[PDB]
Amino acid sequence: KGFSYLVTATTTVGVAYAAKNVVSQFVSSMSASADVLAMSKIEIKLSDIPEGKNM
Amino acid sequence: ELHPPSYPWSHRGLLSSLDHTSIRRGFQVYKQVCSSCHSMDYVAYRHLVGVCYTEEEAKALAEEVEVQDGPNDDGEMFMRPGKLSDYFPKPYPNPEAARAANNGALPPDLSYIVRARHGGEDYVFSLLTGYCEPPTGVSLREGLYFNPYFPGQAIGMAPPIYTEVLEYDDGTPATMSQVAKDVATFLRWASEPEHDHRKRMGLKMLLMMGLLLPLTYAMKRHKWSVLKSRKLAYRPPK
Amino acid sequence: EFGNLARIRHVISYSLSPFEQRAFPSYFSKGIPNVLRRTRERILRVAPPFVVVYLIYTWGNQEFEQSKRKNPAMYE
Amino acid sequence: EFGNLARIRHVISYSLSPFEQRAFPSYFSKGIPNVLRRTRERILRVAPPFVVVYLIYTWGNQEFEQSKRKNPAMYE
Amino acid sequence: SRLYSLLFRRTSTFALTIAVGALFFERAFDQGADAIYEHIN
Amino acid sequence: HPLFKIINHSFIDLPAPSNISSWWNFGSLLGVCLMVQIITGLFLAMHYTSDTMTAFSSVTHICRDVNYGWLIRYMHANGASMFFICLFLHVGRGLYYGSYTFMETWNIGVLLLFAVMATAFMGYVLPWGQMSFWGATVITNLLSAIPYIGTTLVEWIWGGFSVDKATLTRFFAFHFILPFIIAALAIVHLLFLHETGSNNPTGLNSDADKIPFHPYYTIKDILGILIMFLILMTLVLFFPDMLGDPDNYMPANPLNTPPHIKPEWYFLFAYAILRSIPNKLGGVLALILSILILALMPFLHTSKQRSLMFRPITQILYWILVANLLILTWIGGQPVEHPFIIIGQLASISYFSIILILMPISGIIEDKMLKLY
Amino acid sequence: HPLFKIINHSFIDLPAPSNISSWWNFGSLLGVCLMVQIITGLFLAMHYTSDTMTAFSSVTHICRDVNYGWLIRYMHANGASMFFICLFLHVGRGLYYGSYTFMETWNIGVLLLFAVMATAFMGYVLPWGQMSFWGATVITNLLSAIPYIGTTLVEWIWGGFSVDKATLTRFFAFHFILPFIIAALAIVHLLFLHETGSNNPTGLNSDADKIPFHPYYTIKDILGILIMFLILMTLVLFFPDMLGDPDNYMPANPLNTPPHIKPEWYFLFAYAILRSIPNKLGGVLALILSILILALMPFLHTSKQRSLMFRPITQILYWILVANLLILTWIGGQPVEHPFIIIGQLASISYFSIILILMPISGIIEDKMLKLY
Ligand code: HEC
Ligand code: HEM
Ligand code: HEM
Ligand code: HEM
Ligand code: HEM
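Those protein sequences? They're chains A, B, C, D, E, F and G, same order as listed.
So that you can map any letter, position 15 of the first sequence is 125 in full-length UniProt numbering, and since no number is skipped, the others follow by simple counting.
So that you can map any letter, position 80 of the second sequence is 167 in full-length UniProt numbering, and since no number is skipped, the others follow by simple counting.
So that you can map any letter, position 67 of the third sequence is 70 in full-length UniProt numbering, and since no number is skipped, the others follow by simple counting.
So that you can map any letter, position 46 of the fourth sequence is 49 in full-length UniProt numbering, and since no number is skipped, the others follow by simple counting.
So that you can map any letter, position 28 of the fifth sequence is 35 in full-length UniProt numbering, and since no number is skipped, the others follow by simple counting.
So that you can map any letter, position 362 of the sixth sequence is 369 in full-length UniProt numbering, and since no number is skipped, the others follow by simple counting.
So that you can map any letter, position 162 of the seventh sequence is 169 in full-length UniProt numbering, and since no number is skipped, the others follow by simple counting.
None of these hints come from the bench; they were simulated from the model.
Keep in mind that the hints are not guaranteed to be accurate.
In silico DSS-like links for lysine-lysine, alpha-carbon gap of 25 Å or less [said to hold, decoys possible]:
#1 B:315 - C:71
#2 F:217 - B:307
#3 C:33 - B:318
#4 F:227 - B:307
#5 A:130 - F:217
#6 A:111 - B:177
#7 B:307 - A:111
#8 F:378 - B:310
#9 B:170 - G:269
#10 G:375 - D:71
#11 F:217 - B:318
#12 A:130 - B:307
#13 F:217 - F:287
#14 F:227 - F:217
#15 G:172 - A:151
#16 B:310 - A:155
#17 A:151 - B:146
#18 B:291 - B:325
#19 F:287 - B:318
#20 A:151 - B:177
#21 G:217 - G:287
With the hints as extra help, turn the sequences into a complete structure.
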């Protein structure tokens with residue numbers, strides 16, 4: 111029994127490892143697209159705003 | 088049409104990846120020689136990081152080039168230094184401009200120049216070094232060149248790679264060929280930024296199926312042994 | 004469903020537990036002979052159509068080439 | 004399905020053909036009385052609640068406006 | 008024989024051994040696989 | 008549970024023949040491929056834009072900026088190819104083993120085949136490459152062949168004078184919606200079959216020897232799923248462009264038409280037939296018949312034996328049919344010039360004559376040899 | 008015939024109670040509305056583009072340049088409103104007549120209700136107006152409630168730091184794909200019901216008096232379909248903008264925010280509850296419970312009579328529940344200021360106390376009055 115089931119248990123981990131990987135990559139797909147991440151850029155001009163104003 | 092031969096490329100390997108120094112050298116070539124007329128629109132300075140250049144090297148490469156659009160307080164489009172998010176420069180503002188600055192011919196975007204053509208890497212190299220004198224009986228008009236590989240053997244593009252056309256920063260002798268091989272690797276790179284990665288997935292995939300299949304078959308054979316050993320006997324009461 | 008599928012009589016059927024029998028009894032012992040037995044009962048029905056497909060494919064290719072090859076006599 | 008739905012006994016059931024009977028027998032003759040019969044049977048259990056709703060609605064609206072209204076003493 | 012009687016005979020334990028093994032298998036597989044890929048290229 | 012009954016009526020306690028070979032796996036593979044396509048298609052739909060200015064840009068954005076977006080796109084394309092491989096082998100199993108005598112199952116099948124071909128055609132139009140645009144114009148033009156209402160129909164589908172954005176967007180909608188109709192038709196396909204049960208390779212009544220499915224054949228479908236996934240991932244991760252065309256990686260230029268226009272491989276057999284018939288209309292009709300001849304197949308069975316396991320002459324004719332189907336697939340690829348054309352013309356004549364004439368006459372001869380006729 | 012067997016079983020020879028009122032029409036109307044939505048949605052999908060630069064332009068192009076495109080768009084919007092009207096009346100019929108004792112049918116129902124609300128939310132995001140963008144942000148940031156799992160999940164749906172094109176395109180894909188899952192869940196809904204048959208307004212065993220469905224409840228469903236079509240069209244062709252919002256006719260400005268923001272009418276009752284609870288998380292939970300309290304409903308039935316036809320005290324409590332549901336619908340509309348807030352807080356307290364506490368106690372009292380308890 112332990113020989114036959116060990117094969118079932120072995121296979122399971124393998125499948126389990128692939129299944130987490132496949133499912134993982136899809137979740138990553140719905141995640142930020144490379145381009146969207148490339149937005150850390152920004153600029154402002156202090157002179158633009160005078161006291162008591164928001165921009 | 089002449090059918091470009093098969094060249095022993097490293098990346099052609101099944102489990103072999105792209106030589107990244109060759110992709111860096113081929114990106115230099117575009118930057119200097121072929122960029123002024125062709126357009127790598129779908130490739131941006133961001134894609135290079137972790138492939139050929141570091142973050143600061145690609146940032147310097149992007150800030151050498153300059154963007155010219157995007158509105159301002161006056162809705163005034165202005166020219167600004169490009170960033171890691173900006174895409175590669177374009178040779179001409181519009182398709183017409185291309186026809187105008189290239190003798191009427193339109194230089195195709197190289198963004199995917201190789202995936203586009205059939206010979207792919209092989210074809211590009213074949214042509215790049217395939218420039219040759221038109222034989223007797225054939226005559227080409229101005230703005231045309233007899234490149235056996237090019238369809239019709241009349242490519243508007245003049246031969247762009249003269250030995251020592253540009254100097255490789257790495258110092259590897261800039262022979263015409265060394266330059267054509269580097270730019271073919273690079274153009275390949277753009278067409279598939281994941282050549283290497285896909286191949287890493289294919290390795291692990293092979294291994295995984297390599298362990299799952301035999302096992303699943305075994306089980307298929309446990310649960311089917313019962314029947315495959317079944318012995319039938321007919322015993323008419325007689 | 005099962006129970007109402009068919010009517011058989013006096014057909015005894017013996018079997019063994021999976022764990023009690025070898026998983027691959029004589030797998031390559033008789034498997035090879037059998038696979039070979041099988042191939043020789045079906046090869047004459049299967050193979051000669053694909054053989055003449057190979058001949059027609061090659062022929063077409065070569066014929067096409069010759070067709071493309073310039074007529075030396077022509078243009079002279 | 005039909006035939007095995009239920010067990011009844013001795014319940015005779017007479018009926019008429021559609022084309023043999025008037026389409027709208029005494030439609031407004033008894034319809035009105037019945038509709039009126041019906042409403043008085045549930046009106047006390049349906050309307051009362053919603054009446055209070057109209058009320059809360061109104062009170063709510065008016066109260067809000069008053070809140071917006073400038074306080075006379077305010078600023079004076 | 009001990010293993011069967013301990014972690015592979017009770018289905019609950021069968022699942023436990025599977026899950027735990029899988030949890031670690033990934034570590035080992037990824038590590039081993041990566042070594043190979045790197046060596047290749 | 009009432010729902011559980013359905014499961015134990017179609018997948019667990021279903022009495023299946025004990026001797027069905029690996030070919031009977033293929034239909035289940037098709038169902039898996041359908042789900043796979045739907046799943047990958049859904050993850051293409053979260054980033055694809057059906058605008059002619061932005062369709063190629065969205066596809067390149069999927070391949071280059073979405074995390075593992077190249078993986079999902081090439082899984083979708085090679086899964087369409089795997090779908091047609093499994094579909095052709097499923098139809099070949101049905102033709103060889105006499106499974107077309109399940110007539111309702113066969114007719115729902117050929118309806119599913121038509122729907123899958125239409126879905127794959129519009130899906131190939133969807134990336135808006137050079138090859139997609141010229142391919143669409145070509146087949147849409149096929150409709151114009153219609154004798155009287157052709158022009159209108161073509162213009163209707165195109166939604167304008169010529170394929171343009173109007174088409175792309177409605178092709179995106181139709182390509183989205185048809186695989187769910189395919190799933191419903193597959194449910195009807197499974198129903199019309201359970202009423203009769205599956206066939207066996209001997210073609211005999213297998214009521215004396217039937218086994219359960221869940222414990223017995225599932226591990227077989229799981230193994231077939233694993234092998235099909237191995238072939239699909241070695242198609243995606245190692246040779247992602249051996250089945251596609253390079254000219255689809257160029258943007259759609261209406262001013263230039265790729266000189267060599269070839270429909271995708273699995274449409275080739277049909278393409279050959281169309282090209283073979285000189286008359287445009289004739290080609291369209293023959294093309295249709297090419298697929299429809301199958302539906303016509305259950306009325307051509309003139310033998311007293313269901314399967315071809317004990318029928319060697321019709322086995323030879325069947326393998327000649329598979330042979331010239333492969334020949335028609337090759338010809339479609341070849342350009343228009345001698346002698347590719349003649350082969351195409353013959354191969355089409357031989358295809359229709361083997362299916363229509365030669366197999367029932369051979370079945371009559373085989374019945375005469377066994378002292379039955 | 009296998010199919011006709013199925014057909015005859017669910018629509019022709021199905022034994023239905025003879026005395027079911029017009030309220031039992033409504034579920035069939037919902038199915039018709041679903042098909043109508045799907046059909047209109049398909050004809051919106053042939054011209055809509057899910058790009059933030061072109062979504063508003065594509066919607067205006069549908070309304071102005073497509074032949075009868077305004078008709079299909081406003082039919083889609085007012086058909087979503089008609090769907091929620093019929094859904095609310097269907098749920099009210101189920102609550103009043105004790106139909107929640109069909110527990111599996113009720114649970115598949117509340118799953119369908121959740122799916123329909125999600126579909127309508129993403130569909131309202133789809134035209135990319137001012138109101139759609141601020142509504143999406145607001146309703147999505149709601150998900151940002153969960154402390155550890157929430158924040159990331161939000162941007163996950165947003166597919167980025169803030170809703171932007173990334174969202175629009177995946178919302179188009181979901182909104183496309185969920186009504187087919189709704190159709191499959193409705194098929195499961197119909198199955199879990201035929202096992203038990205429909206209920207009657209008296210709440211008694213109607214096995215002694217059942218009639219066919221083809222000539223008796225088919226022409227009745229046809230008449231109900233005709234009346235529902237009269238109300239929809241007269242809410243499209245004469246009062247087309249009655250149920251909508253004017254600020255959705257402005258383009259989506261991330262820099263400005265519509266001053267007065269409100270969910271559409273159907274989602275208000277929930278909106279009120281959310282606003283009522285001071286704690287953000289509390290609001291989200293209560294909101295969910297608002298819908299989920301229904302699922303919980305079959306375990307709260309403490310009466311020996313199924314229907315409310317012979318139960319006057321629980322009838323009074325039911326109409327008070329309908330009354331403060333209308334009150335919560337009104338409050339959601341009202342802005343944040345006295346005394347709208349207090350009403351909202353009470354109305355929510357009264358809603359949960361009537362469903363949770365008052366109805367089983369009233370059923371116990373009613374059983375005591377009939378000398379049963
Ligand atoms: C300064 C001008 C110029 C430079 C530099 C240039 N090209 Fe071109 N190229 C053209 C023009 C013009 C065409 C179009 C010719 C035609 O279509 O007949 C062209 C076409 C091509 C084509 C075939 C596509 C086509 O439409 O002809 C390939 C492949 C190509 N170039 C490769 C390269 C490579 C590789 C480099 C540098 C490593 C390069 N080119 C640099 C002008 C240039
Ligand atoms: C409802 C399920 C499906 C959805 C949502 C879907 C969606 C898409 C989308 C968005 C594309 C464009 C991106 C791309 O180029 O791949 C596409 C392309 C494609 N789809 Fe589908 N699809 C579905 C089902 C199918 C099925 C069942 C088939 C096979 C019959 C199929 C075959 C294709 C093909 C061949 C392409 C073009 C692949 C290429 O670019 O080379 N799709 N699909
Ligand atoms: C949409 C593509 C199809 C799918 C997903 C599909 C799926 C299936 C499935 C799951 C089965 C039951 C499992 C099996 O028999 O192997 C089956 C059986 C069958 N299919 Fe298909 N099928 C498709 C197309 C077709 C076509 C085009 C035909 C006709 C050429 C066809 C004819 C049959 C027949 C005759 C059977 C019964 C086989 C037998 O038991 O002898 N199917 N199909
Ligand atoms: C997708 C929207 C829905 C549709 C199309 C729908 C449709 C139907 C239909 C056609 C019936 C058969 C009753 C009849 O027509 O006479 C029915 C029964 C029922 N539905 Fe719904 N329904 C929907 C949503 C819901 C929801 C959300 C619930 C739960 C709150 C629900 C609970 C029930 C119950 C309990 C029954 C059995 C009542 C009876 O027939 O006596 N349904 N539904
Ligand atoms: C497969 C079925 C469906 C498809 C293909 C579909 C498709 C679409 C498309 C493309 C739009 C954007 C065009 C526009 O807003 O004018 C849209 C909008 C909308 N859809 Fe759907 N839809 C479907 C089902 C539904 C359902 C079931 C509902 C109700 C839950 C719904 C409610 C809406 C709403 C409220 C809008 C926004 C209306 C507005 O702009 O004011 N749709 N639908």
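Numbers of the earlier hints that this structure fails to satisfy, in rising order: 1, 5, 6, 8, 9, 10, 13, 16, 18, 19 and 21
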